[PDB]
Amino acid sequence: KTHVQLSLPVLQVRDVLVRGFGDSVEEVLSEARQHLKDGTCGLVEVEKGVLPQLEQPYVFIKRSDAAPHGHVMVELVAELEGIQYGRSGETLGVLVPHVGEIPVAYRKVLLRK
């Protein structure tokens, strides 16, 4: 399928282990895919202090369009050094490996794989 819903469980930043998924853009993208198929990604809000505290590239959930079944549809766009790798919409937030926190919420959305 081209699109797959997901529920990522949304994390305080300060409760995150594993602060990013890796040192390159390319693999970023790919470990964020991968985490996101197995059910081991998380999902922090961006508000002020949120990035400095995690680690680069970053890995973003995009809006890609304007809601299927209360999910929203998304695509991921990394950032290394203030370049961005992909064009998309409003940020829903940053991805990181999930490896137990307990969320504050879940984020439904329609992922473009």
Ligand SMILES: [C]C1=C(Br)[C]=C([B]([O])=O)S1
The other form holds:
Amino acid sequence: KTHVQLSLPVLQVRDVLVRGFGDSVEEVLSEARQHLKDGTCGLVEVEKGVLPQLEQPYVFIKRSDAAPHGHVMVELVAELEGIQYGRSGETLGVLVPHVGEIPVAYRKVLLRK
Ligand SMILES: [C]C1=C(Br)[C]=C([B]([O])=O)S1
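Mind giving me the form deposited with the named molecule bound, seeing as the form deposited without the named molecule was just shown?
Below is the entire complex, every chain and molecule, led by the chain shown above.
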């Protein structure tokens, strides 16, 4: 399948224990994809002051289409020092490792793998 239905635990930024996927654009997108597959990926909603509390490179899920079965279609875009690798629609938030933090919600997405 080119696309996978996922339910992502939405985390408060101050609860996040592991605040990034790694050290290069290529590593963060790789690790993001692995954690998404393994169901160990969380989502932090982007607001004023959220991003500076997280580690670069950032991995965003962005809306790729304008919602099969409730699941918003998204794709992965990385950002390092103001440069994005990928081009997509609006940010649904920033992906982070999930290591058992209690979420505040769940975000249903159809991910282009
Ligand atoms: C992002 C990816 C998800 Br979810 C599942 C993959 B697979 O085919 O093993 S790759």
